[PDB]
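Asks: What follows is the residue order along each chain.
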Amino acid sequence: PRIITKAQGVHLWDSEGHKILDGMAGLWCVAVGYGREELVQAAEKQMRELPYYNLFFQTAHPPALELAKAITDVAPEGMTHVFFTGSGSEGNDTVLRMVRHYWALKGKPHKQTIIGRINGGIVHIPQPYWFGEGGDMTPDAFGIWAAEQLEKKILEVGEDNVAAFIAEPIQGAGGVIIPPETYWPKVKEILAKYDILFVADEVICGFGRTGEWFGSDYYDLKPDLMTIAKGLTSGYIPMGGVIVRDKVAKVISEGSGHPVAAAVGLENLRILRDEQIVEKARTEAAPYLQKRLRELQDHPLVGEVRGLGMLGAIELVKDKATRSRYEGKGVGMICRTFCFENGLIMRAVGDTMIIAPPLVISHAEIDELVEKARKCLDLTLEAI
Amino acid sequence: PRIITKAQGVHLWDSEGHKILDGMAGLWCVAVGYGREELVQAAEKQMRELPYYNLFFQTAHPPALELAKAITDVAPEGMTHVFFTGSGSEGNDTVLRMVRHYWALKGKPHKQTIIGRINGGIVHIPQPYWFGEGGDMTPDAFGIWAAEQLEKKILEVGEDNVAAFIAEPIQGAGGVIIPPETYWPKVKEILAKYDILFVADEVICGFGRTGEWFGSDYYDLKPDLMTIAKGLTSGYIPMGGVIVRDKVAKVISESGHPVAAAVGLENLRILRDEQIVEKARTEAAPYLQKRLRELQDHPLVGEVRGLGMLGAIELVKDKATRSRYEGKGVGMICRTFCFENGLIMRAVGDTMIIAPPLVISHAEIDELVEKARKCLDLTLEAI
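From first to last, the protein sequence lines are chains A and B.
Under the deposited numbering, the letters of the first sequence match residues 34 to 153, 180 to 314, 324 to 452, in that order.
Under the deposited numbering, the letters of the second sequence match residues 34 to 153, 180 to 313, 324 to 452, in that order.
Just chain A, with the same shape it has in the complex:
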């Protein structure tokens, strides 16, 4: 366990003066990067004024109402309400209660089952991970097939027994599973046929991570509920939320947020907008990040490099043609260790190395990342 004494921009400094590039932005959290005093001052001002309370007695410009309006401004069309929580985990619980409450109010209490994906009361369908699970199929065909497994499960369970499909636009913690380009159009086509709610888990994809405001923007999804956290405050203060489409909010309405967290969240969103951090990540940072990341495709250890927006993944293989793994050898952990010893935070999911840098990472910092990553891929192979 290394002791950090400073954090600024994309870098940590440990107690030994070693400078570390944080390629995971905290835990997918620190969108604007470390050391933005403005977020400190927003928490300090709100805590010093009136630390807590709402309705009957409130401050002049309550940050939560302004936060919700600002969230709905950058959210997909029709997403008009926001219910705030203390965390992303509390958000995903809140959302699953909302879908079942929604159907109960609609007079359909049998609509109880949540369909989710492997590695993403509850039933599961295959995740759209071509690299590990697609075999010799084309990405396009494996994406259509995986999406088709949602329809099968809806009919197997029974539409009148299904409440909702829940999914991250891109599975984060499961290994930056970027689906084939056929996947989401096919899922939309299936969702169009069935009276079930679609929950977009945007706790990782939300607030700039794909180059759009939300992963739902990236894939033109029209979810009914979106769970958010993390990037919402750039991780400076805990907070989650559920964004709700107008029709759903209308049903739930007939049958909130802490001010200090909301003040951090409002200021974090304002910075992302007024400094065009999201837009510049899409147009300037991500093109450089993805081109330079894939330059590692030549490495003997790298079976694949994938990524879009500010997400990236590097697969560690034993043979490239067959996409096999150094089974049992804990290659991911070994690579991660060398990463930590050479001032680079990547995380390992299996033998997948994943990165999600702060959105403000510069080209020069991207050069530092891919340089340190190749450096540790050599160290890993040599160690094997």
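These are calculated hints, taken from the structure and not from any lab test.
Below, a list of computed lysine-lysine pairs in the BS3-like style, where the Cα atoms sit at most 27 Å apart:
#1 B:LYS139 x B:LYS309
#2 B:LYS102 x A:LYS39
#3 A:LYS78 x B:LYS39
#4 B:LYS52 x A:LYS78
#5 A:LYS102 x B:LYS39
#6 A:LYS388 x A:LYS440
We have chain A already, so just place chain B on it with the hints.
Replies: Chain B alone, transformed into the frame defined by chain A:
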């Protein structure tokens, strides 16, 4: 009323300069009172060095670890572990899954049912509310009966099918339901007979509210799990948690946001180093309970009850029968007068309730009860 421009000690100031005594401590949470700059500085400091992280990389003295130890320091017995959450509600969600997981890992997956109380997979037993439900029984005899309904319900569901009993030591949001003195002794007798977990809901009672550190302390309860929030940070930043007994944690074994934890750590340090819990018990609570009970002569008041830093006033139409102005919205009338006259009291039905900041002074207690009596006058005159 409406726009608040300054909050200090036990008072809020609106934009026209009216000083309002917050008799509810935010919503049961502002234990140390408003305007404590130490908590601001703790959050500010922790936010600017490193905002967030877990293992592999950590700050020099991670606040969550110290806070766990500080909490267990003041917690009962062998409450050894703390698991942090973002809120009290998340804490209560976590504790219900913790008890069910505990019995799964022990190979008893049928132990699923949670026993709660009315006004507190789920089954309910009567709340120990003598004023509203005891009729003509003595409080002592009503309290025994209410507790005995816990045994009946365990046996009715079947011990093998019950995971846990969950209760606040004193129901807060339900209207400060202070039980008869015989209730918790009889409940402990019952719990001692059956192999179920006991969850004390301490979101409201924790961190000094009863004059002890916890409601479990006041009634010498030995819960297996305790849910906490609110006073833990004095509401300056949201946080919740679950304190776990050693035997539960050992089975469950087989992290909290650093800024929230840094605020909770300094808030706990203040409650201890300035003896705020102790002085509430020995100085503020007796004065408060005394002056509150002087309202019992008011024609509208059917009962004053209270212990520690909790208080309740029952508004009745007829004292002897304990009857209510049915349908006439009396509690809401009274609360509106309170707000207009610089006093925040919550209404639950026709009970007015208070839970002031623990630091409230005798002068401020005088202020509260002068204002309460004025509004009891205004309420009865409007009726």
